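Hey, can you work out the whole structure from these sequences and the hints?
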Amino acid sequence: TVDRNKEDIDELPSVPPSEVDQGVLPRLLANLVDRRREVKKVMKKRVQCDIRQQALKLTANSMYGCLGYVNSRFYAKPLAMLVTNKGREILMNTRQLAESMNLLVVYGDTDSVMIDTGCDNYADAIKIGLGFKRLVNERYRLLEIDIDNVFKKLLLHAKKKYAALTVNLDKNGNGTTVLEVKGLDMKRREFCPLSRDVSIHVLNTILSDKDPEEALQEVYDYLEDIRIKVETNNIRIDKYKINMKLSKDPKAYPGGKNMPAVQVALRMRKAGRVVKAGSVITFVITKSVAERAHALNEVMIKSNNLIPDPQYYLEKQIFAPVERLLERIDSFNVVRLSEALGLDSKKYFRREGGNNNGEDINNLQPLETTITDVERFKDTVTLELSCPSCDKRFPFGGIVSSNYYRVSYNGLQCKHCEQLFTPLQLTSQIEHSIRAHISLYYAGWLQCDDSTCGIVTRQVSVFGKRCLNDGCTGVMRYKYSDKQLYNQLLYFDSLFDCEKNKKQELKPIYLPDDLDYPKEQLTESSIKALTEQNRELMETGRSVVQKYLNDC
Amino acid sequence: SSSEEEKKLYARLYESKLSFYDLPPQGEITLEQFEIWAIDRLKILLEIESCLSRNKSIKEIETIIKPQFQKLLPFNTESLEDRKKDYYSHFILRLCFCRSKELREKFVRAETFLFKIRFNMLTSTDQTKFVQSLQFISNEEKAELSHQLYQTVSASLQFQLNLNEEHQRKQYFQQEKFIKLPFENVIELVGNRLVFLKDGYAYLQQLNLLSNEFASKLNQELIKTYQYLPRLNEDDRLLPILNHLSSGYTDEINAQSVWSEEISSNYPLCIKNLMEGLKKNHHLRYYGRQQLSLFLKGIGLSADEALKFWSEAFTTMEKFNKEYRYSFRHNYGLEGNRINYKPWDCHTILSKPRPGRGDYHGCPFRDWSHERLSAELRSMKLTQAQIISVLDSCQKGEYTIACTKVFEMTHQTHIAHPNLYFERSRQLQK
Amino acid sequence: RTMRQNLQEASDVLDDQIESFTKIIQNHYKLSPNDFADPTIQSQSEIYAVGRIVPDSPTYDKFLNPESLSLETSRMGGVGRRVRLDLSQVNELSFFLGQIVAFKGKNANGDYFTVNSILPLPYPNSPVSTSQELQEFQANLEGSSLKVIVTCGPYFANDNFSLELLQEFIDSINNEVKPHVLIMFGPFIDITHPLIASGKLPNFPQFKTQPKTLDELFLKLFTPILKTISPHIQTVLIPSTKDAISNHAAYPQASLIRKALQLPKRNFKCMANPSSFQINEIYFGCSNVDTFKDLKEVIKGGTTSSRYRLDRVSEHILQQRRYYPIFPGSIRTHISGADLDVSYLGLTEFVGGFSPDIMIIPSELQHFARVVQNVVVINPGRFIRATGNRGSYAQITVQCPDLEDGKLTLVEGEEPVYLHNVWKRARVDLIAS
DNA sequence: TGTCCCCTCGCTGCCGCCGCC
RNA sequence: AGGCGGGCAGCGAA
Ligand code: SF4
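These protein sequence lines map, in sequence, to chains 1, B and C.
Mind the numbering: the first sequence is residues 882 to 925, 932 to 1174, 1188 to 1452 in the entry's author numbering, read in order.
Mind the numbering: the second sequence is residues 42 to 174, 180 to 250, 254 to 299, 317 to 381, 387 to 482, 494 to 512 in the entry's author numbering, read in order.
Mind the numbering: the third sequence is residues 248 to 580, 606 to 705 in the entry's author numbering, read in order.
It should be emphasised that the hints constitute simulated quantities derived from the structure, not laboratory data.
Positions of the beta carbon are idealized from the N, C-alpha and C atoms, including for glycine.
Careful: at least some of the hints might be erroneous.
Stated by the list, open to error - Pulled a few chain 1 residues facing chain C out of the computed Cβ check, cut under 8 Å:
1) 1009
2) 1010
3) 1266
4) 1327
5) 1328
6) 1332
7) 1340
8) 1444
Stated by the list, open to error - Away from chain B, derived, C-beta distances all over 12 Å, residues of chain 1:
9) 1045
10) 1112
11) 1191
See the structure below:
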């Protein structure tokens, strides 16, 4: 169904229109979705059927994945490009729709959004969620969105890593909480079960409804209790295991003298164990790091008399994971955490403040760069744009909030008519504004310094700076100074520079009292994602300005 | 003007590797290159001025500034871009520094000294080529006066070119050419008697004459540029840059003596600990390295002598040059932003992390056990009452007070700086 | 050069115009510098005054009358002061703003310069060529006459981007007309085009890859069409200040980069605005700013008014020896304008002081071809009209030079040289596009 | 005969290199 | 000893 350029696999086709008959791929995928839905209706034996439904989901996902496998007999790179393109588009539209209803999206990941409902109860947020679902499902015939989980408290550590308290309803309207984690140092196999258990206890304590400082004190008490237990070796060895699977043969690792699992695998191979590529290496650091790592089975032998090193664990397996866990938590004293775990507090003191700056008089700083861009572009006028379709005129202000244009994932969009600016329809307007300003500059209007004369003319005397009024002593100067025109061109350049837009260093286009003041302000993550998604359009709009900045 | 004409005019302008900066440059360069080149030459010139204000020797000065040549304004290169960098930077600074007489004096002094250096690393063939590019005497006239000229210039050759052997001096004199000039232009050499003087003419020590002529011509051109500046006051681009650049202006202790008892007797306890740990382990760790290096810099150890001492204490040269030479030169502020780092005082030393096993930095009055400190005091012939006194001072956290007590018993009372300790100990012997 | 406007350099060039024309008038009329005095001060004696026509008030009404003009003296002549003009004693005149004039009068009272006679500026000399050059050009032409076509922009209507009539024109010049040199003026991609101004750039199904900038629009929409031009026809482009493909928005305007336009070296050349060049013995003076429409005269006298306006404009320009003598330049209220780079009016003057054999200044007025002061003036008009109807282009046919027919006049002197007689040998036909 | 499990993004630890305070 | 820049390898996640 999709017409594509077979001479260049990197060129992206467009969606085939409605009149083309449903094809082969959508039909097969619909059948597979029906099968998995029937399996889920069977769910509603349970664990075995869950294996069944996740296998069917994996089959459905592979039906898309092999559109990106090079050695697949049905390799179609443009297809996978287009599916990912549309997926990102729907994520962008969903987030923008969320902002349209004054809703706080706190995260999103490739098919999902997380919305802070501002509610202290379950049903209050559920009503908003159902309204959101109804509003979004109307946009698509077969795409449908649905509530997956409800989190009473959400802790976002970083990208792909977060922990939450899932609200699970019961038969008789009863609601229970369950700790759900994704991608953290807990869920890893490189981290010991001891780290897992203590981190589970820490998150259970923080996300529970207790006084924040009291929560931190309880966590600290737990922490030095574990410190004493680890130091005295009063813990069963089994909780010390570290798992790391080697993708390559332990002979083919160049810097394997540092990573310990390679040494453990070499010792196992010498001892008479079969270790190859893809094998999982389990080991324990005993008392360099790699030279003190030995397998569990060797360590479980009391005849060896191997005691795990409390120092390495108490630093890296425990302190760093908890420090990462509570980084964004209010009044998190990392120094107190290290003191509870007995680590050097000077190593952590430089992370809170970034250490002392340190500098002499650095005169490598031209006064051209030291001038703030805000004062440079203060004496400028905004760019004006006309929509090619609805002919509405709006001031463009970069990738920023406005009542007239949206920087959609595909490109610049008008709010009034929802049409998409082609790159030419924006570059031509940019060039028109630039040339109009240049022609006004070359109009050669002259202005007199004197305040009681102030006359503006295009007449110049053979004495250029002499005012043409009888006896006027004022200094005659150009009305459109080339400094002002350079400022305006630099403003047009800044409006299309990705870096400035991402740091939000663009001059606001509306004063707070303006009736056209944007009612919904873009989030920083949104601006970063958009400026990365429209990099080509921004760079072309900047190159148009650079056409006239190089000559100036 | 075309690119070919510009290249030809430039090759004519730099037929010699050095230039007198007579004809202003022709061409168009961006504001980026303008500001960058002006800043580069101003940095080199500020470094020459800082060296002058410390009364450093000429040889030391070129040793410091040769890498700055390789970095900022590389010389002795066939690249046209570098030569134009030099020319436009000189004329840009000419524009910037002509506003006041003091600025003109500073600029001409620094530029003439830079000319002296640049003529110094230029080779004798290249020096002859530049000088030829002030009348040279013929071969017969040199032969007639060969004995007197050789007598006049023998001492100068020996003391400047280090030609201690007489045969080398004679060979250099045979190839050396001379210029016939009157004594009124060479009076400074006439007073010192570095030039043979006959019939009112002085036979040229040519670098001094060249530098004096450079200074005179440069001052005249600076005055002329100041006259022409009001016409160039009309441009908005250059004026802020010129204003910014104008405001931008505004051994007894050697590698072997620090090992000797005479100098080590004036050390404090901490520096003795660092020195002894260095001797035992032939290597010191980062905080100890910086502490000892900054103390040695404070007591007057030169950068070259510090490098020799640090290299000999670390008994390969490859890893040394790779990893420690830059640190030991950067402590002296010769690279980066060139920070002449102040030696750590006792508060800075006590603010550093506490030393561990193998770490020798810090304060012994804080980091050592009372037993080890007491033994070190018995090694200094301190009586038991004195030991109890310094231990009482240490127990209260007054480590500086304990060090001051140790100074007084072993030899404005309070000492809060190891370099102050060393200086007062040296004064007590002076 | 760069987009810089310096007031002092502007004033220096403005003064230099007066100074040079004062020297020229003194040389031609055999007058001593003592005969020239300051007209801004009271004098009891008639004097010669040279200056620039300027309004009596710096903030002036758009319409001017002979009672509302003034004269601008040079720095040396009258300390740059401006004095009112009294034209009651002269009956026939034609003045415009920015004109340089040579005058005879007396300042009777101090506040007015009473005009008694005007000194007509001498017409500059015509180019000359030797016998060997003319014989070589005759051999080049192989007996046949010389054919040149001049076309001016814009090349497409205001409601479409179609260039089919361009295809028909190229077909004609390739297969039937077969000229020697083709001259095309700008703007090619006009920046004042209405769809371009409003951004209504449509998706073009005829390009595999849609253009993203107006320069790419030119490379995809003009360039392949200009490639269809035959190799045997040499072509020249003279840009205008309204070209979107040009990064030089001032007059005078530098030549466009032929490599930037992707267009082959085999038969294509790009010249500046203004420009002057030779095809065989011919002289061209080409400027792409509308002086005919913009020049607004102040006229007295029945005889002067009874003359053709175009002839008067041509005489004014030939006397001024610069292609756009009006100062300040015209503006379009802001949309566009003359965009005079007053610092560089020197490039706008006649090259070498010669009157061009053929003077071509495109104008928005009706196409015309006239002979004024032995100089032919051509305006082929816009290749297309606003409504898209057929425009016009001019074909210039010049007879092959021959020393025996006598149409070339010999110039007396030790060096035997021959003036070109263009108006005797050139037929200009304005063809509907 | 010889195969495979989408790339791509962001996160953490380790290793070697470079400049700096 | 510390922050940054580019490179490799290991791994959790969409
Ligand atoms: S008090 Fe100061 S000088 Fe004395 S040992 Fe301690 S750190 Fe060194």
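Taking the hints in turn, this is what the structure says about them:
1. 1009: violated, 50 Å
2. 1010: Not OK, violated: residue 1010 (chain 1) not within 8 Å of chain C, min 50 Å.
3. 1266: violated, 20 Å
4. 1327: holds, 5 Å
5. 1328: holds, 5 Å
6. 1332: holds, 6 Å
7. 1340: holds, 5 Å
8. 1444: holds, 6 Å
9. 1045: holds, 29 Å
10. 1112: Given a closest Cβ separation of 26 Å, the condition holds.
11. 1191: holds, 19 Å
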